[PDB]
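A single chain comes next, written as structure tokens; it is the form deposited without the partner chain.
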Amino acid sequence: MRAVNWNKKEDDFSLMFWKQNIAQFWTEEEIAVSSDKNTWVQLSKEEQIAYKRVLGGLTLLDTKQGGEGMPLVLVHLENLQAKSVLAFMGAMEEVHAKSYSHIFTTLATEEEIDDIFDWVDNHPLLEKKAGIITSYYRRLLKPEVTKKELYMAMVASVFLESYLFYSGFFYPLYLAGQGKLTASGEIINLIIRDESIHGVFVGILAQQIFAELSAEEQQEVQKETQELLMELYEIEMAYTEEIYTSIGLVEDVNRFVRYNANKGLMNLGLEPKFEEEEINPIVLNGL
């Protein structure tokens, strides 16, 4: 029945976000990465392996967001303009996921790349965090869904895009901020420019539906949000310990994770959970 009519606004922001999403369009071929080989080779074995691991985890999350997250969230939306922006955002998640293969092809050998993906595949923490987020999406695999089911999928999507990536983004930023792997750092920043607006946008949509829930549903959903935040946080602390102890950065990354959880909460129109904390300055420089 209904066709998208962009000459009549369905809300006050999808247009702005549409324009911004397309004005930020990019693909991996615009950033040559071969000059990062020079600094790559000067990384210790522990640093190389951490970089590869985090990029692997990043690639998984984008794989989920583009192939489950955006499609299952947008499919049910009655707002056809908003739905359009989210479709475009999904495509961009794939461009992101592919970017990381572009980085890998200059850095690593065939066999090394196989190893990265075998590792990401068999990883219990990555499996656990991706499955938690993704079960909210997969709840929407039925003909009709409630506002509350849709709201929690949106919470889960903002937690992925504004929060769960950042344990991974820490390290390429942290290397780039020191003039190391700067071309790959450039790509990661393009990805961040995108993820930043994705988190805002789906949070705006979440806040709209939140205002349409009953008082009772509002509190079920808030209790759920806090449990979900903290279920994810526990896994992130384990993740950060596994990945970063070898290179002595665990507590720096944890501060960064907490900071980005807070931003996720903010995007949802919610109050911070962790103490305000200064972010590592060399990652600020990498940004």
The other form holds:
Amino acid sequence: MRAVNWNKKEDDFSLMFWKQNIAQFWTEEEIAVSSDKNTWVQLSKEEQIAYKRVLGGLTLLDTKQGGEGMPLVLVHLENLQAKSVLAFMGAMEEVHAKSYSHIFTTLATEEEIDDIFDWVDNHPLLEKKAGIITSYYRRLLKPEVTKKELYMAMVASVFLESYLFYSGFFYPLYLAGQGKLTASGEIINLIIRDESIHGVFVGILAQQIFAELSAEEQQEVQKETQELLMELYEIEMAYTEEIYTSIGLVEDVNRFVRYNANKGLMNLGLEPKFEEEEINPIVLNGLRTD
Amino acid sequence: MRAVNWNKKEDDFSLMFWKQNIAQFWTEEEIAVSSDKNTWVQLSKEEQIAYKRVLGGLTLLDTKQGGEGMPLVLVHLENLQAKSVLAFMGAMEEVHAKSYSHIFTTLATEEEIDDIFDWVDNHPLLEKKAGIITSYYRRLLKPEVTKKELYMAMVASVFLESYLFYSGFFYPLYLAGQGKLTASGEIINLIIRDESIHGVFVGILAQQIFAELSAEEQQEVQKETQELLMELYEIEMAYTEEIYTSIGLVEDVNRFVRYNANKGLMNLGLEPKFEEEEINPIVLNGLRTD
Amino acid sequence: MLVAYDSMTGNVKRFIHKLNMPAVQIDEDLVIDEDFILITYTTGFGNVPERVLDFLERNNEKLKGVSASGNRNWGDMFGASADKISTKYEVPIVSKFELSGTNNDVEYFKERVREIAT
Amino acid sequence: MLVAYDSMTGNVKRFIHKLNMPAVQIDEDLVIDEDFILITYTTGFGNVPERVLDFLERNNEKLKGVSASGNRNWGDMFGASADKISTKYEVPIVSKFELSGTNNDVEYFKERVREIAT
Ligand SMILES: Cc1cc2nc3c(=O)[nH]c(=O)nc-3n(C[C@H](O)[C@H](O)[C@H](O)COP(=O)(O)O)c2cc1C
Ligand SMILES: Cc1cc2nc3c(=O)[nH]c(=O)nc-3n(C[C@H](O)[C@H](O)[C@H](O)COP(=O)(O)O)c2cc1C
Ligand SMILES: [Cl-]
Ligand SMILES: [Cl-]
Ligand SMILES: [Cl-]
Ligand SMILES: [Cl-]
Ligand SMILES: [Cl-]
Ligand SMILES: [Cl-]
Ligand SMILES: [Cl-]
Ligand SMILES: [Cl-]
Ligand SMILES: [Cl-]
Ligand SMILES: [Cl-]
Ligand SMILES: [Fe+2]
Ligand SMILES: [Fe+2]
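The form deposited without the partner chain done, now the form deposited with the partner chain bound:
Then the entire complex follows, led off by the chain already shown.
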């Protein structure tokens, strides 16, 4: 039985990702969010509700990626140096999840916070969305998995990492780019930098497996990947209308969703499928300001 | 579907373990081992071979615990705050594994190092030992698992964490406690402090599940736990004779194995089963000196 | 002598049951009105549990000695809770032992507590 | 103009195929003897790939401009490889674009390189 040997490289990228994960390591204790209260109270009730709701959803996705996605994908790899990077990334998914609780405990009372979590757990579109993704992961709960099964879990992963989060990340960035909740914003920026490299990494691993599939399996997973992309886009449009209609931001969020979908596709070595538009400039400012 | 909410505690200990994991975070880059060469060359060939062989074995166990053990145990927990801690601990198992490569690349040439890894992969007692442990983990590769199955994977875990490593940890400590390879020794000390709290944590989770078993399941897992303990002790005595006969340290290592077995049992809330003896004082000195 | 203790995972509690001297698990409101020995466990980096620190603020006048449960895996931080308490309140370290303690640890403790009751 | 580039995961390579200007992927021994534009990707914290830094040590005299592929998710470190290279070798930043670039990025690049060939 093999032990991980770093003095014999198994691929040409795991070490750099190993190192960058660790270089990126941060924890919520490093960012005080108390100072956000000054801008928090100036928001409307509708803005406040949208923010908390989106943080709920972000926390759900990180929960599942740390608790299901990285574990079930990594358990089946033969590349032990890649397995290592994925374990670390899964831990970071929990670091992120906890960082949302840290934000919540300035912006809300304990009762409000628990109400949000109950809302998340009972919310049918969130259940649906997270359930489609996690069904690719739970398919790996067996001793032996096919390359196609593993490939599709990796596609699902990259879709979550690089695409599904962004309907939520939109709002903290949008406000931070207006100078509102900038502390909470800095935390989300750290999160996104982590997730960005998670998506790249899992897309690399996916492309390796794709190259090994037969021409016929390749055609099958290409079709399945387009289907999943568009099924998720359809759910995300329903989710953005729920969350953002109240504050008039639905089409802006949908545009941002498409922009990130295209990035997720490219992480898989695939062509963009949505119209190319520039990033929302206010969101961009939220990414920059620190 | 539930997201992790840290503002509603799911148990009375996960937060403290979450925090202590993070407080303990270290990486190999923090400890330069170059200065060990001065004492390394003064060792005999037989001492050198034993050290490298034991590092091989340590690397194997950390590989499997990070790549199989923590992932398959955590995927099945309902306690999301505990899941979080276990993901982090699994990442740390990979940090440790890599720290052994860092040691190796001062003490050996690339060819020597790859030879050790080949030796580890083909070694029948190591295969056997790691295979008994991992068979408890691979039983969890299915959608639904019983409390008994989960309990026994957690017993296996604690046995690996708190017991199986110590036939290997003996040697770097023993030499460091003589002032030889003290840099490599400091790395092993960091590793052991991590593993020590890993064992405590998983033993807590096991005791929770035990308390939920029926009287009859309790009797069954108690028997299975004693069997596994003693099956592993039998293999460890075969392993210690292989590795340490050449340097005359077999009974010292066996004593240390028993001492740690008893600690592992207590981590499970169980009675010691080996005679109580004080720790090897030279090993103790290896633990202290920094 | 009366033993006050704190136990998180059951080890200190198991030790105290090997003594059959009278002993009580500390809490927030607890006040101890007689001479006593404290047995604490040790938290990360050789530290004192918060519950013990809070207790001792209110009960240190009658504290006559402290023992710590820890794990020798922590090296120089082995049972250093006893060092911190001993220093802060100027009482002796009775003993340090690992986990639920051995029999020699039980006998040692008993002898030291007699000695200290002098 | 000749384009030298480096691509780790295929994005810069995809971009260069949208240009049909002549272009070559850099390596260790490569020497470029004519005026050229460099397209690099960006490594963590806005840094320059090592392979690019090594190349440029030997070929910076003919470097006329640098573009970077990155990802706007990196905020102020977006394509900052171009900033580092521009500063070190005193050449212009041609453009910054994300991943395999958009069509506007392709046209932009083409216009800038003409402008700079002046
Ligand atoms: C998170 C954590 C940190 C610890 N830190 C230390 C330490 O610095 N020194 C020490 O001797 N023991 C330390 N230990 C070991 C405990 O003090 C030891 O297991 C003790 O027996 C626990 O007693 P209890 O079962 O009554 O809680 C630590 C244990 C845990 C779980
Ligand atoms: C580990 C890592 C770190 C990165 N750091 C940065 C960064 O600091 N700034 C940036 O704009 N892009 C950064 N990126 C994004 C890449 O530069 C971007 O995906 C680029 O298109 C890669 O080009 P290639 O596919 O040709 O390698 C990083 C990507 C990875 C994988
Ligand atoms: Cl989960
Ligand atoms: Cl990135
Ligand atoms: Cl709207
Ligand atoms: Cl495509
Ligand atoms: Cl479109
Ligand atoms: Cl493994
Ligand atoms: Cl411990
Ligand atoms: Cl011997
Ligand atoms: Cl027992
Ligand atoms: Cl015995
Ligand atoms: Fe991620
Ligand atoms: Fe461990």
